[PDB]
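Colleague: The chain contents come next:
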Amino acid sequence: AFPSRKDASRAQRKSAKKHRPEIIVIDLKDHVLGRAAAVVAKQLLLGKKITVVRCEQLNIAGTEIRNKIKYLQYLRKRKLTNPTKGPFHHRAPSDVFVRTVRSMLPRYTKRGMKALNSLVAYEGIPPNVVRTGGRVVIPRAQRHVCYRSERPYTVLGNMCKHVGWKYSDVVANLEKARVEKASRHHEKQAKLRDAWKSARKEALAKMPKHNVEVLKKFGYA
Amino acid sequence: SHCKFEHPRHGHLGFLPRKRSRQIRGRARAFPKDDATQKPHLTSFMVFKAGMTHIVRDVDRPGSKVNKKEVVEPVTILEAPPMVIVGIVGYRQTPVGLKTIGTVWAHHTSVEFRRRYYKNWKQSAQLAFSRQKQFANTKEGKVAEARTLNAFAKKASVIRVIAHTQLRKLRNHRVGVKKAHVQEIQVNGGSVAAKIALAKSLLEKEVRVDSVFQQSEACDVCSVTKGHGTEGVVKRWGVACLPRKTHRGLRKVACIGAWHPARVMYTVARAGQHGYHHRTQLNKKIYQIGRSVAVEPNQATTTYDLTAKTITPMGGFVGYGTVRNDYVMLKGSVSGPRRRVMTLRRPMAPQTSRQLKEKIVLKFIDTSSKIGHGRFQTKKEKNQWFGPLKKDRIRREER
RNA sequence: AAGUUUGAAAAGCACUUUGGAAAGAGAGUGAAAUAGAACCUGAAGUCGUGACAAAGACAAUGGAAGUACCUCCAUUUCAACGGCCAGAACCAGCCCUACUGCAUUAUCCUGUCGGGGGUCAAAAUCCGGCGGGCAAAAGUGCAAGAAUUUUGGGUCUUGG
RNA sequence: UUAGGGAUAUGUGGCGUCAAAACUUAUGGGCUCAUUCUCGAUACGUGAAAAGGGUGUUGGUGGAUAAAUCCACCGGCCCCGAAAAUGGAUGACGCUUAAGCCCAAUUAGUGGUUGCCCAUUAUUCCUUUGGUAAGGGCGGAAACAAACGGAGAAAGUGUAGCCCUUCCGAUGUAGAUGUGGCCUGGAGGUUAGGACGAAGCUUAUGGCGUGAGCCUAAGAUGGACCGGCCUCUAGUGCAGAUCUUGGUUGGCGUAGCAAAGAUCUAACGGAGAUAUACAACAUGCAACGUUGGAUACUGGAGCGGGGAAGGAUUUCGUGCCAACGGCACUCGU
RNA sequence: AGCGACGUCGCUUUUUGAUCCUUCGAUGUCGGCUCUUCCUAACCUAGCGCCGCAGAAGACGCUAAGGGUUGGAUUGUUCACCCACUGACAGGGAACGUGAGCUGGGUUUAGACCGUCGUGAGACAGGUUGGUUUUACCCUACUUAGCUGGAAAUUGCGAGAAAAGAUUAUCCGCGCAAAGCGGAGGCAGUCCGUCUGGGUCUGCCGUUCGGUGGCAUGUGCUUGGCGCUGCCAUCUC
RNA sequence: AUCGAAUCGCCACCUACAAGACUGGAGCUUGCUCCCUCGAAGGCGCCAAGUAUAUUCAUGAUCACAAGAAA
RNA sequence: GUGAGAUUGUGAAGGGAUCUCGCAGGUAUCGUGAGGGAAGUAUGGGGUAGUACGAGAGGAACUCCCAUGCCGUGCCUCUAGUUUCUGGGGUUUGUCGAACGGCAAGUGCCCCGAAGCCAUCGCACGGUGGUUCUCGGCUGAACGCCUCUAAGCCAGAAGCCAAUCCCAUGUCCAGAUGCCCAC
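So the sequences go chain by chain: A and B. Numbered continuously in the working numbering, the first sequence closes out at residue 221. Numbered continuously in the working numbering, the second sequence closes out at residue 1399.
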C-alpha cells in the first residue's frame, strides 16, 4: 500500500472517518493553454488543491505544423556535454501543462514547489476522479471566448502525438470507454430525475399557501 | 580550428552507459507485435550456452558464386532442457505504461523454483509458498483464483507466462546454480480469452524448445557479454594508440576536449567497464534443434555422414562438459561465455529475404576435440589409428 | 633557543592492586594534587567526548521581519492590587470620504414653408426661407458647499 | 538626492502568471497570422539590418470607361531580401475576441470631477543630532513633618546636556577640524577597594551608550594586588606589508617507504602466548634473536684481509629498549 | 539558360589592418599527431525545380549538416605543388580548440661560422649547426564502481489512488446494464450491548484443504537413479 | 497510544456528452411570425423532519481558536 | 500510552520531575518505463541493354539478385599471433665425484606447445512506422474567366519524431507476488 502501515494503524487507532480534502477539478477541454495555466498558477499560490483533467484536449492558437515546430525547437535544447543533466523534455500533454504552469511559479522556493505539488494533471478523466462532485471550468480561459473562430488552432493531444507521446490511442480508447459508461448511467437515471422534477411542482400545490407566494417573490416558482 | 582530417568516431553512443548489467539473465526488453490471427504461442525460451563447432552445408542461393557448393559455417550449441510454467500474469494498459493485474500461481511448484526466494536454502525453514498452497484450495481460494482470471479476460491487453528452467533435468556440475532462472514469456496471437485458454493449460507442465521454435527459423538472442573488468580506452573504444616517443604513456587519448565547453563531454572515450553489458543480437538462424541423447542418440549423424555420433566433442566442451539435453544449434557467435543463461526470442525484424528464408540441410558436424587440434571425429576413429597400446596390452592381463 | 616560578614547608605520593615495563585503579601528604616535576595563572586556535538543535541539493556566512522551541539573564506584578494582555466609549489634532452653487450654451432647439432625397407609399439623414425659444439639461469654465451645528469613517500612523 | 522610524500621496516604470496593481478594466476605435536563429512586444542600446521587391491585407490621391469596373501612383502592418560555429533566450512561461502595434479613456452619450500598484522622493507626525540657530525662566511667590501630589530649578560652548518652547539642515572618496570622547603603560593629586578573594581568564550574564566602549551577574576560575576622578606623560588602540616570531591546521592515515635477486624450517630464548563466558578451524594477529638444517647471492677489480686522508672510543664485555637505527627488533656503530 | 560592365545596397569575422579595454608579483607564444563536437556559404550521399537539358556528362537553384570527406613525394612549415585512389577527396569554429596530452623540426638566449654594415664592442625582422619541455594525491567535469535516506522531498499527526462501487453491511459469481438468473454448512453451550444483533471461546456433524498406507497412467529423466502429479484408502488437519 | 492541531458544504437529482456562425419545436418571407415547458437557476443545507399552537438553554457574568465535531 | 536511555563541573544514597528516542516494517522475486542515450551509412557487379535517346559518334535508370568499402555490437569452431603449463624434447658453459635426478646463467638458449586471451589477420549479426520541408498536384475562390491557396486536400527527403536497441522510479511505481512480523 502507498500509505505507511502506521498511518493506516493510526487512522484505525483514532478511528473517526475517512477524509478527503476540498479539491477542485477542472475539465480542460478547449481551454486555452497559456491562459488556463496562468489562472491555475495563481490559485496554487493561494493555497488551492487543483486536479486538472483532460489535458489532451487543451488548445493553442495557430496551425498544428507551427506548434509542432515550437516544441521541436524545445527538443533542440539539451545540455551538450551531459544530456542526462540537460533540460528534460516531457511529451505527454498532462506534462506539457504542469510545465507551462511550473515555469509560471517561483519553483525554486519551498512555496513554489509547495504550490506545484498541489496540482495533479491527467489524460482523459481517470476513475480516481470520474465521480467526485461536478467538474469546473475557467470561463476566461475558454476557446469559444478567447479565439476568433476564424483562426486555426491546435489540440494539445494531437500535437503531442507526433512528438514522442505515444499514449494517444490508449487515451482515446479510454475516453470512448467512459463516455459510454457515463451516458448509459445518465439516461438510466432519467427515470429518477423526472420523478423529483415532478415532485417539486406537485409539492407546490399542497405546500402551505403563504409560502408559495414567497417563492413566487424572489422567484423560484 | 577544425580537425585536419575527418574520421568516423569510435564506438556507438547508443550503447552508453558502458555499464555492468543489472542481471546475468538477459531478459527480452520487448516482444514481437501481436498478429492476433495466428494461434497463441510462446515467444521465447531460456537456454544455456555450451560451446561452438563448425558444420558443412550446401547453399541454395541462385545468383551467387557459392550457388550450389559446400560452405563451412561455425555454429554455437546451446542446450535447452524443458522449461516449467509456474504462473500466469496479465497486463492492463494505462495512459502511463502497462501495469500488472494479478498473477495466478500453479498449484505445485518444485524446490527448484522456490529455491529462488531464499539466498541460503538448505538452512532455511523453507516456507516459501507454504501459505498459498494451503490457501490456493478450500473455497475462498478457488474464488480468488477465478476472479483474477476473469480480471485478465476483461481488463488485460498482454498476457504472459512465468516459466523457469529445470536445473535438475539439466545435470551440469560446472554451472553450479541450483536456483531456477525465472522469466516471463509473452503469448502472442488469438484474442485475449484464447491466450488464457492456452496459458491455463500450460501450468505445471513442461515446454520443450521444439514447440517454441522451428528448425530453420531465425531467432534473436538476448544475452550478457563476457566481462573483462576495467579496460583502457584502447580496448574499450577504438582509439588508435599514440606513438612510441610519448611521455606518460601511449595508450591514452590525447585531447579530451577544447577549452570550451570547459568540461569533458559525454562523448569522449574514457576507461572502465568494457563490461558484461547486456545485448540483443538479431537474426541468428537456427540450424538444428536437437533432441536429448537419452531419447534419440546419433545427434550429429546426418543423411551424409552416417557415423553414429553426438554433438559433444571428444573430451567434452571445454569448461562445460557433455550436452545431455535437447539443444539448439545456431549459426554464428552468441554473446556471453559458456554456461550462461540466454533467451531465444521469436525474431522481431521482418523476415523476407533469400538469406533469412532458407531450408538448412547440414552435410557434416564437427565432433573433433576442441582441446588441441582434434584430428579424430569419434573415439572409434582414434582406436583405429592406434589400436593395441601399452596400457591396453596390460588391461587384458586383468583377464 | 631557554624564568628550573611546585609549595609556606618536600610533607616530592609509604602501602595494596592489574601490568614485562610504562603506567592504570585505590590510598596517603597538603588549605589547593584540576599545585605531581616542563609542576602558579593555563587564553586564542584546532581536536576528542556526552547531551541536544536540527538540516535536501540554492557553497557558507550576512540584512530585515516574524514564529517555533528553549533559556531562567533581567526587570515588573500578585487582590479596596498591576508598570502585563485584550475590547468598548468619549476629547484635541490630523487624514479621508459623502453632500453643490455661479456663469455658459445659437455651427443649437422646435415649428413651418420651399427644395432634395429616397420608398410599394411615406418619414429621416441634408440645403435654404420665415416664426418662436429654455434640449434644462450639458462629460462647458470656476466652486468657497462649517461632517456632533444631538450623529460619516481612520488613527495598533499622535497624544489624552 | 540619502539622520532613525510611521502614515498618506506620488515620480520614472507598470497592472496574464513569475510579481505588488485591470481576480485578463471599459458598457473604447482600428490594424496584424509571421513553418526549425521559431511575427511582434523598454527609449539611450547597430545591444542589429539596407537597396530592392509582394493580385498578402488595409487605407488614400489622380485619371478613365459605364453593373459596376479599369489604369497609374503614395502609405500602414505583415512577408521575401535575411548565411556561424556549446543549448538558449521580447527577462522566463506564454499570448493571437493579444498578454502584439497605433490611438484613447477611467467604472462610461448617465449626469465630470483623482481606476490601481511600487520609491531612502513630496506632505505630515514622532525621535536624534548640528546650527550664522530664535525666544523664554533662572531675586526660590505663598502653603506644606512623619505615622495612619512627588522631585528638580546650574547666568550656562562642550557632560547624565541648567530648564523649556520653536525653526531650519542632516548622505560622501581624498582631505580639514571638533568632541565634558572611548581605550592603554606610567608620574603628580584626590577618593576608594581587597584572603568574606586583586590583576588575569571564561561565559545562550544581562544593563547602559548612535559608537569607540562601560558596568553588573556567574565561574563547581584564580591566588595578591587594585578602581574611580583632575592633571601630566608616552615605545599608547591592528586584519591585510609574498609583515616578524611561536604554535596549530585542512590536504591525510594520503603521496608514498618499488636499483643492488631471497628467503624457508625446527628446537631453544623473550613480557612480546597456544591470551576465549554446550571439541579443534570459523574468537590473540603480526613480528624479534641465537643454534642446527635447507636454499641463494657476492664471485679474488669481493657485502674478503690490511693502511693513508678524515673521523676519535664507533673497538671490547656485561646489562638494557625510554628516545634513536624513516618497517621491526629481544639486535646495534 | 549561364554571365553581367558603369553604378549601388548589404552581410561575415576563416585575412590583414586600426585601436590599446582586460592580463607584465607571468593566461606557456609556430606546426604536426591524437580526440570530440558544433556551424552551413553543400564536395559526395537523399529528394526536387530549371537550362542554349535529345542521351551521356554537366551548368544554375531549392529543402537538408543524419552520414562521409583519403594513401603519399618535397617543405619545420600553415600555405603551396605534383603522384595515386575515390561516391567525394567541401569550407570552417571551438582562447587563430587541443604542450601538468605528446612532440620540439621552426622561432627566441648563452657556443660557433659566413655574407653585408660599423673604426670598435657588436647589429642583421639574412643564411647555418648545436642547444633541459618540471608538479595532480585537492575541487569540479567525465568514465566506470559501491553504500544509502527520502512525497510537508528527513518535520505535520497537512489526509488527493491513471483503484473498487456503497453505511457494518454484499454473501458471492455473472450482467454495459435495466430486467433477470444460477450457486451460500449446520447444531448445542458463551460474553456484550444495539431487527434481535454483534463480538469471541467451547461441545457436535459435515464439504473443500491437510498429511499417512496401497494400485495404475501422462510427463520428464539419471551417474537403472532425481521428482512431481493421478485413483483409492487411512490418518491428521 | 502518544495526539492536545491548523481545515469549518453536504448529496445514490451536480458528479454524461456536445455546440457557441449556437441546442426548446416549427413555417417561408431568411428575418420575421407562430407554438411550447417561453429558452438566465444542479439539488439540498442555513435550528420544530416543518411553518404552527410548541419546547431545555443563563452564572461560559461585554471581544478572545467555535469552550463545538458524522449534516 | 508503553518500552529504552539520559539529566556528565563540588561526596554518598534516596525519591520526584523533566528531556530525548523507539513503538512497524523487514526481506526475496517477476515486471511497468517517464526521462536520457541512439546508428548504420556508402559503393561495385549481374540484370535491364548495346535498350531508351540519337544522323551518327555515343549511351543511361528503376524493381530484383549478388558481393564489397567504412562504421557498429559481439565471438573463438576454424586459421594466425602470444606461452611463467618454465608442458615435453633438444642443447651450451658452470656445478653437486660419474650415471640418474637435476641445478645456476634474475625465464641460459633452441624447436614444438594446450587452456586462456586475441586479429577486418579469423567468424557471426546490424530492421520498422509516422509527421513535415522543398516540390509536383486536386478541389477552388478572391476576380462572371483564371489560379496548387485564401479556407480544405493529396503525394512526399538520407532531415525531424516514435518502434527496435542501451541505462533506467530522485519519474520516489496505490504495478504484481513470495515469506515473517505489526495492526
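Don't read these hints as lab results, they were simulated from the structure. We treat Cβ as the ideally placed atom computed from N, Cα and C, and that holds for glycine. Hints are not guaranteed to be accurate.
Unchecked claim - Per label pair, the in silico range of CB-to-CB distance:
id	chain 1	residue 1	chain 2	residue 2	range
1	B	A1271	A	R91	34 to 42 angstroms
2	A	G34	B	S1333	51 to 59 angstroms
3	A	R91	B	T1100	34 to 42 angstroms
4	B	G1227	A	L46	51 to 59 angstroms
5	A	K166	B	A1036	13 to 21 angstroms
6	B	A1271	A	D7	47 to 55 angstroms
7	B	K1155	A	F88	49 to 57 angstroms
8	B	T1246	A	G34	24 to 32 angstroms
9	A	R91	B	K1155	40 to 48 angstroms
As the list claims (entries may be wrong) - Per the computed footprint, the stretches of chain B lying under chain A, defined by three or more beta-carbons under 8 angstroms from a beta-carbon of chain A, are:
id	segment
10	1093-1106
11	1200-1214
Colleague: Each hint: holds or not?
Modeller: Results of checking the hints against the structure:
Our hint of 34 to 42 angstroms for B:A1271 and A:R91 holds, since their Cβ atoms are close to 36 angstroms apart. About 56 angstroms separates the C-beta atoms of A:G34 and B:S1333, a value consistent with the hinted range of 51 to 59 angstroms. In this structure the supplied range 34 to 42 angstroms is violated for A:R91 paired with B:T1100, their Cβ-Cβ distance being about 24 angstroms. Against the hinted window of 51 to 59 angstroms, the Cβ-Cβ separation of B:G1227 and A:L46 comes to about 57 angstroms, which satisfies the hint.
With their beta carbons about 19 angstroms apart, A:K166 and B:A1036 fall inside the hinted range of 13 to 21 angstroms. Between B:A1271 and A:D7, the C-beta spacing of about 49 angstroms keeps the proposed range 47 to 55 angstroms intact. Evaluation of the 49 to 57 angstroms hint for B:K1155 and A:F88 yields a failure: the beta carbon distance comes to about 32 angstroms. Range check, B:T1246 to A:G34: Cβ separation about 58 angstroms, and the 24 to 32 angstroms hint is violated.
A:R91 and B:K1155 have their C-beta atoms about 26 angstroms apart, which leaves the hinted 40 to 48 angstroms range violated. Under a criterion of three residues with beta carbons nearer than 8 angstroms to beta carbons of chain A, the stated coverage of the segment 1093-1106 of chain B is upheld, 4 such residues being counted. Check result for the segment 1200-1214 of chain B against chain A: violated, 0 residues qualifying (beta carbon to beta carbon below 8 angstroms, three or more required).
Of the numbered hints given earlier, the model fails hints 3, 7, 8, 9, 11; all others are met.
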